[PDB]
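Using the hints provided, position chain B with the ligand relative to the given structure of chain A.
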Amino acid sequence: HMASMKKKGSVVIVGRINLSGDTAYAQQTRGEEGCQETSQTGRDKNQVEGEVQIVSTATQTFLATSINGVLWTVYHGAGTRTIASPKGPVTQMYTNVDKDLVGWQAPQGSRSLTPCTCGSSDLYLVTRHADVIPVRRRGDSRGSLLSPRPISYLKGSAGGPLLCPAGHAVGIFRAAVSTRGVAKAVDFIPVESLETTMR
Amino acid sequence: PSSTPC
Ligand SMILES: [Zn+2]
Numbered sequence: 182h183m184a185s186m187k188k189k190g191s192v193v194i195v196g197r198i199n200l201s202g203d204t205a206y207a208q209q210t211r212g213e214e215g216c217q218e219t220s221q222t223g224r225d226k227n228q229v230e231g232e233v234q235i236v237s238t239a240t241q242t243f244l245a246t247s248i249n250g251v252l253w254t255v256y257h258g259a260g261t262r263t264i265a266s267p268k269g270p271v272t273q274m275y276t277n278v279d280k281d282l283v284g285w286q287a288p289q290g291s292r293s294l295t296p297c298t299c300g301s302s303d304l305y306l307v308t309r310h311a312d313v314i315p316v317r318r319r320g321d322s323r324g325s326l327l328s329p330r331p332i333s334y335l336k337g338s339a340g341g342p343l344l345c346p347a348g349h350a351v352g353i354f355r356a357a358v359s360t361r362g363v364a365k366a367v368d369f370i371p372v373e374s375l376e377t378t379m380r
Numbered sequence: 314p315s316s317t318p319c
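Just so you know, the sequences run in chain order A and B.
Residue 182 is where the first sequence starts when you use the working numbering, and the numbers rise one by one after that.
Residue 314 is where the second sequence starts when you use the working numbering, and the numbers rise one by one after that.
These are computed hints drawn from the structure, not numbers from a lab.
Quick reminder that beta carbons are idealized off the backbone N, C-alpha and C, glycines included.
Be careful, since some hints might not be right.
Unchecked claim - Label-pair restraints from in silico Cβ distances:
hint	chain 1	residue 1	chain 2	residue 2	range
1	A	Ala347	B	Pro314	20 to 26 angstroms
2	A	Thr295	B	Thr317	27 to 33 angstroms
3	B	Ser315	A	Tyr275	24 to 30 angstroms
4	B	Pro314	A	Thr222	39 to 45 angstroms
5	A	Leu327	B	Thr317	18 to 24 angstroms
6	A	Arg224	B	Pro318	26 to 32 angstroms
7	A	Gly250	B	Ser316	28 to 34 angstroms
One chain only, chain B, in its complex shape:
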């Protein structure tokens, strides 16, 4: 992981 909309 992981992911995060910016």
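This is chain A alone, in the form it adopts within the complex:
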């Protein structure tokens, strides 16, 4: 049994959500074959740019967001996996199954969002398809969608950011709250929880 035991691959950056300009849009930087190879080696020589990465395992594609020099995502997507990097696989710097949170050192080339200090409740969720959806904050870890969507619309957005009007990071999207397939609210990991994890 031992000789044939497999290893899980690395998480692989396969694109980004470009927020650098007037228009939000998803860009793909690696196709499926390159992703599969890179997951195996853990060696990714692609140049990273931006705050929000699109990331993949063998089974899921989701998001990861840089805040304070850490690339954050959800445990339910990444598990305990390494992330591929120019120098080989990079081990998680944070792992917290209870928070549904993991982090790696932010890749060179990435830009980080700053944690929000505004203490305000009018937010914006960035999805894996680069939609920017208004969300009213309803508690420390929940927000309501101003316009409800089918859950399919949010699938694969876990790990992406909720932002304040000034563009600071307020949280990391975790899960939709749904009834009969329709999302009217979102659960997120508040940035203060990340800040506690960091300090």
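Same frame as chain A, but now just chain B with the ligand:
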């Protein structure tokens, strides 16, 4: 209900 990890 309910909830669904995304
Ligand atoms: Zn703010």
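Hints, verified against the model:
Range check, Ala347/A to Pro314/B: about 35 angstroms between beta-carbon atoms, so the 20 to 26 angstroms window is missed. About 30 angstroms separates the C-beta atoms of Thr295/A and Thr317/B, a value consistent with the hinted range of 27 to 33 angstroms. Restraint check, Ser315/B to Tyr275/A: a C-beta distance of roughly 28 angstroms satisfies the suggested window 24 to 30 angstroms. Between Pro314/B and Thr222/A the beta carbons are some 42 angstroms apart, a value that agrees with the proposed interval 39 to 45 angstroms.
Under the hint 18 to 24 angstroms, the C-beta atoms of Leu327/A and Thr317/B, about 20 angstroms apart, fit the expected range. Between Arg224/A and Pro318/B, the C-beta spacing of about 29 angstroms keeps the proposed range 26 to 32 angstroms intact. A beta carbon spacing of about 31 angstroms between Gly250/A and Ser316/B agrees with the range 28 to 34 angstroms that was offered as a hint.
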